[PDB]
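*Asks:* Taking the hints into account, I'd like the entire structure generated from these sequences.
Spelled out from the first residue to the last, the chains are:
Number of protein chains: 6
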Amino acid sequence: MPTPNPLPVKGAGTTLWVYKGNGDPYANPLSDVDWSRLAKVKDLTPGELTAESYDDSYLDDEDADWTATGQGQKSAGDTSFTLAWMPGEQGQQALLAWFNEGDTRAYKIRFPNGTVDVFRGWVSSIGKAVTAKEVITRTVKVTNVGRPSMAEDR
Amino acid sequence: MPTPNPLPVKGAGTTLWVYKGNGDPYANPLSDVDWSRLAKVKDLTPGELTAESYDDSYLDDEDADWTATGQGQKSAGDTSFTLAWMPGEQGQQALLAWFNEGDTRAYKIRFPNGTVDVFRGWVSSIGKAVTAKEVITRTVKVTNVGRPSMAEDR
Amino acid sequence: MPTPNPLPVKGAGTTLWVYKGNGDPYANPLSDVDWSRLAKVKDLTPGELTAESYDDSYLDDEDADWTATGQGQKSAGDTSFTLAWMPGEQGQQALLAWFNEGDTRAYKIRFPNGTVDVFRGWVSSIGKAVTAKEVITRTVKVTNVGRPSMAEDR
Amino acid sequence: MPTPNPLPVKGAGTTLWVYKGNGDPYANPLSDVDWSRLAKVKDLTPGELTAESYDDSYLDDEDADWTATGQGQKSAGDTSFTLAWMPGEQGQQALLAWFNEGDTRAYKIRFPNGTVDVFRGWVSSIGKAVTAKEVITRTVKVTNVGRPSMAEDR
Amino acid sequence: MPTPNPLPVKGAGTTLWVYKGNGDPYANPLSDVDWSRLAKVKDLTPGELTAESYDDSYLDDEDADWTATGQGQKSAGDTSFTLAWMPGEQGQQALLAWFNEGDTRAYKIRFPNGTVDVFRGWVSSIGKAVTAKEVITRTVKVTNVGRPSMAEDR
Amino acid sequence: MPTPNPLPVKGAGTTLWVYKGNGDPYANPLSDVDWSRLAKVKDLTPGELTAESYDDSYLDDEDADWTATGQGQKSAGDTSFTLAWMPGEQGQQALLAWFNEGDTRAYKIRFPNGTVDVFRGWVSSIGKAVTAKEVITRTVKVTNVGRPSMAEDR
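Residue numbers (the deposited numbering), protein chains in the order written: chain B, 1 to 154; chain E, 1 to 154; chain F, 1 to 154; chain D, 1 to 154; chain C, 1 to 154; chain A, 1 to 154.
The hints are all genuine.
Any copy, or any two copies together, can satisfy a pair, since identical chains are not distinguished.
Pairs of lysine-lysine residues, derived as BS3-like cross-links and limited to a Cα-Cα distance of at most 25 Å, are as follows: (1) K40 with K10; (2) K141 with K74; (3) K10 with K128; (4) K108 with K10; (5) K10 with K141; (6) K133 with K40; (7) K20 with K74; (8) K133 with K108; (9) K42 with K141; (10) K128 with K74; (11) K133 with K10.
Just so you know, the hints here were simulated from the structure itself, not pulled from any lab data.
*Replies:* Next comes the structure, spelled out in structure tokens:
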């Protein structure tokens, strides 16, 4: 039960948070003193940090048999999470205020370990799913603006 | 049974309505005094509110390692619902009058909660499905013209 | 058994017809006095009435946050039906005469209700399927030329 | 058992033939006096007779609400059949002679009815499938050059 | 058991070989006096001999209703086989020598019949698959340079 | 149990390593004196060594019936491995240091045999998967810069 960082952990217990609007979100992310919680999370796919290949081959080089490339312009991907549709909840009202405002906010993912994943982004997709025998779900996707504060930066 | 907004709800009981043609559809959407009902709904997929990424990178900036973007020109998606084919019903006759007229009308989705979802759009697709052992179904898709009155605007 | 238009119906009993070549197919479609029948129908997918979105955004407008569009140039889709391969039947001989002539003819779909669906189009695809244990099937697809006489125009 | 053209038939018994090289293949196709047989047919998909839509809308016309098109440049599709790999058979040797020569030959499909399907085309694909527990199969595809002699031209 | 060419055969027993580097690979392919063997073959998909359609329609022709084409620039496809990963085997060392040299070599497929399939090509893909409970597999794909010596040329 | 190179082996026991930063990674790859280990590997797909086809057909040649090509500009593919998410592990911290630095490092795959696979590349993708009943997984993909030291170069 005591959270081991060196040991693998199950995903059960992951929580989401959104910054309430103070300064310096990346400083002290392990305190929830100013983070609203998005309860009732069904599933969550974090962003995929990709990178564009940059071509590094000249005409003058001698070894033209194998492709030579280098990393360039890394980009944080999209984070997609599905919640239970609760319109009266303050979190979801703040979420669509975020959508209709267009600003980039800082959202945190708190894992069962003593580690957090802080990203800054703007929401780019909001949808719903209505089924007779299932709870109404709200699917949200956020596009990041770069420079994430990964958990292993501590 | 009393409709809790803060609590998650099942999708069973969702209904559809179309504005009969008075003024100000977004004002007082919780009264059905001027909304015709589209009965016998098989399934319903509401619109997906998406947004186009806007590039915000200049040559003069110093941090060119991570992509920086911002929300731009948000768009409401398509709403697709399937009904049971009832040509004599006034609702479906009004629906194909809507299709053959081309105007943009206001349609409402009433959830089992005390909340409504009002959109304005024009129908862009109408089809049928004929099967020996199943009821004839009419599939309809509506493209929205923007500025939806989401349920959490209250 | 008496055909209720206001009530939903099962698809069993749908029939197909082709105009024998008199005038005004859209007038009095509920009489089969001049319509040949295409018997032995396996399955039938009617046309999908779609529409192209027309852009309505100017530079001068103030609200450039949400996409504004309008319906434009509606088009009837393709109708695809599969019959049992009967080369000696007059209907299928007339069907390939239709294919090899290129003219646009009026075909009717008669539902179990007291309603009909009349379209005008030209056949654009004719194929076969040969299997050891199944009857030989002839698949036909017709592209419409517009202005269908839907059932709810009565 | 006596072959009824007006009645539907099962696909079992379909055979393939290739013209040995006399004149006028379309004349008298119901005699096998000069047609070699391709025995051991696993499956066979005949050609799909498609047609390209030709645009018929002018600026001067009044009805610009519905798309108006017309048939144009009909094309016979590809016929794909799989045989059992028998290199010593005269039929398959003639088939790869056909492939390596490039000429367009006339091949006939004889259905269990008293009807035949004669096409003229050139083979465009020849492959194999090697599996431990299955017979080696040779898959062949032929592209047609147009004007097929369908069975219902009699 | 005696290999019948006119009769269909099962695929079990197919073997692969690579030319050791003498002259005239297409002459006498039924002798393994100078062919190294690639043992432990899991599966093998031979090349697909395709052909590009060449347009033969002029403006002057009278029959412009059906597409007329002709075979042009036939091409042998890719041959893809998977072996068991045996780095110490001389065959696989020769195979990656082939890959890192770039030359086009002649490889033979020996079927359970008394027939062989000789192709000339260069390897264009080499990969691996590591699974806990399965043997490590090496997948290889070879692109041919044309003019195969099919088995029925005898 | 004694590792046979000539004999096929199961994939169980494959390990991953990253160079700690000395010189000449390709020299003596069978010693782990300066290689950090990436423990808890779920699955691993090594790179696929592909090659681009180079056209070798001139107008002057006589044989224009079959495509003639030759190997050109071979490229090592992407290597994708999934680990158990252990942020406190030195290996994963070094891995995201690698990602945020952009340099190309040498990573080794040690098979159950006495053979190693050394590649040089830069990481281009890092993602996560959060599930309630499964361990949190970190998926990593590395793009190679060419000239791999395959196991059969010994």
